Amino acid sequence: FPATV
Amino acid sequence: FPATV
Amino acid sequence: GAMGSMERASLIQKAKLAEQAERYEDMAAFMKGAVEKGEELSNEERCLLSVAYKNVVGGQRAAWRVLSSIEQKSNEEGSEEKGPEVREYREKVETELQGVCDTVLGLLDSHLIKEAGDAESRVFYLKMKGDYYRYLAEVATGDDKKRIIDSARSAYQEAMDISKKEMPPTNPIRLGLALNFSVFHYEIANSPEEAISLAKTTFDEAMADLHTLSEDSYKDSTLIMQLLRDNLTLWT
Amino acid sequence: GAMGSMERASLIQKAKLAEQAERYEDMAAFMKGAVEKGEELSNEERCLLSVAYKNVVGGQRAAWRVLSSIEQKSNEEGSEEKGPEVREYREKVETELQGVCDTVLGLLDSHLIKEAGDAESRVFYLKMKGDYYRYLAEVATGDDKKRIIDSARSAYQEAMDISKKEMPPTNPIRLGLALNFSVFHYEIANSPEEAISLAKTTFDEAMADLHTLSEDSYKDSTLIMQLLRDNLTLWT
Ligand SMILES: *SCCNC(=O)Cc1ccc(Cl)c(Cl)c1
Ligand SMILES: *SCCNC(=O)Cc1ccc(Cl)c(Cl)c1
Ligand SMILES: [Mg+2]
Ligand SMILES: [Mg+2]
Ligand SMILES: [Mg+2]
Ligand SMILES: [Mg+2]
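Protein chains in written order, with the authors' numbering: chain B, 591 to 595; chain B', 591 to 595; chain A, -4 to 231; chain A', -4 to 231. A prime marks a further copy of an entry chain.
Note that these hints are calculated values from the structure, not bench results.
Hints may contain errors.
[Said to hold, decoys possible] With a straight-line cut-off of 25 Å between C-alpha atoms, the simulated DSS-like cross-links for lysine-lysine are:
#1 A'/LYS68 <-> A/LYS87
#2 A'/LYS32 <-> A/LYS87
#3 A'/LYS68 <-> A'/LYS140
#4 A/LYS11 <-> A'/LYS77
#5 A'/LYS87 <-> A/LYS49
#6 A'/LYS11 <-> A/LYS68
#7 A/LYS77 <-> A'/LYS87
#8 A'/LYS87 <-> A/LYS32
#9 A'/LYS32 <-> A/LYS77
#10 A'/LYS68 <-> A/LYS11
Model the full assembly from the supplied sequences, consistent with the hints where possible.
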C-alpha cells in the first residue's frame, strides 16, 4: 500500500 | 522478561 | 458520554499515557471525551486525536483487508463452500470500522470544523474529514458509494484550496494533506495520473522552499517529502 | 452470552479467521462462546483458546507494566505531583486485566477441568489455571495476594504431578508447563534456585529422550527446550 499520514 | 508459552 | 465526568485536562493526560502504553482504543475514547468538552483543540491535542483514531482505524483496515482477501478467494472457481462465516465476520469488522469513521466524522461536524478559523486547524480537520470518508469509500459497495467518494474529494479539495493560499509549500500539514489526497486519487478515484501529478508538484514546490527553513523544520518537511517520493517510486 | 445463537463450528471457524486477522479480542470472544457450548475441546481448539487469551492478556500486561513504571517514577523524590490520573489509568488497565483472567479461570472451572480426563487436556488446562492466577499475582497487592500465589502454585503443581506420571519428558505440553512454572518460581515466588533447578532438570531429561522422536516431534520439543535454555542463560 502507498504511504499516508 | 523470561520466556513463557 | 462515559467521559463526561472527567476533567478535560485529565482526559488529555490519560490520552498521552494510553499512547505510551500503545492503548489506542483508550487513547481515542479519551480524546473523544476531550473534544466533547466543546473547547477548541490545540496543535498538540489535534495530533493526539489524529494519532489515536489513525491507529484504531488502521488496525481495522488491516483486518478488513485480510478478511476480504479470504472472502474473495472463497468465491473463486474450485473453492469449497465454507458457509456464510467469512462474509459475516468481514461484515462485522466492516461495521465496526464504519462506526469509528462515523464517530470521527461526527466529531469534526459537531463542532470542530465550524469553529476552526486558523489555517493550521482548519486544513488539519478537513484533511481528517477527507481521510475518514476515504476509509468509508474503501469498503463501500452500495447506492451511496459515489457520494462517499465525492464527500472525501470535496473535503480534501477545500483543505487543498486553503493550504495553497495560507501555508508555505513546506508546511508539514500541507504536505501530508497532498500526500493523502494523492493516494485518494490513485486508490479511490481511479486517477493515477492526477495522483502522480499532485505528488510530483507538491514535492518540487516543497524542495524549492526548503532553503527558508531551520534545521528542525527542514527535518519535519523532508520526512513527508520522502513519503511523496516513495509513492512516486511505487507508481512509476 | 452474545455467542449463544452462533453454531459451535461457526465460532471455531471465526476464531481461526480472527487469528489470521490478528483480532485476538474477537478470537477470545469466539472461543469463549465455543467453550460455553458445553462440549469438550479438541487439541486444536484448546490451542485456539490459549492463543486467543494469551495475546489479549499479554497486551494488557505489557500496558500495565508501562503504566506501573510511570506511576512508580511519579512517586520518586523530586517528581512533580501530577494528580491521580496515572494511578487511575493503571487501575483501569489492571481491572480489565483481572476481568480477563477471571473470565478464563471461570471457563476452566465451569467446566473444562472437571471434564478433562486425558493427560494432554488435563495438564493443558491446569497449566492455564496456573498461568492466569500467575497474571493475577503480578498485579496483586492486597489481603489475598498470598492466596492468589498459592492458587497458581497449586494448579501448576497438580499439572506437574500428572505430566511426570503420564507424559514423556519431551512432550511439548509438559515442557511448556515446566517452562512457565519455573518462571513462576523466579518472578512470583521469590525462588530463583527452584526456578533454575526446574528448568535445568526439565531440559536435561528432555535431551535424553530426543532420540525416541521423529523429525517433526524433535522440532516441536527442541523449540521449547531452547526457551528453557534462554531462561537459564538469563538467570545464570
Ligand atoms: S500529528 C502527529 C505528529 N505528526 C506527525 O507524525 C507527522 C505529520 C505531518 C503532517 C500531518 Cl498532516 C500529520 Cl497528520 C502528521
Ligand atoms: S497451542 C498453540 C500452538 N503451540 C505452540 O505454539 C507451542 C506450545 C507448546 C507447549 C505449550 Cl504448553 C503451549 Cl501452550 C504452546
Ligand atoms: Mg472542568
Ligand atoms: Mg456492510
Ligand atoms: Mg448446534
Ligand atoms: Mg486494583
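> Does the structure break any of the earlier hints, and which numbers would those be?
Replying inline: 1 and 7
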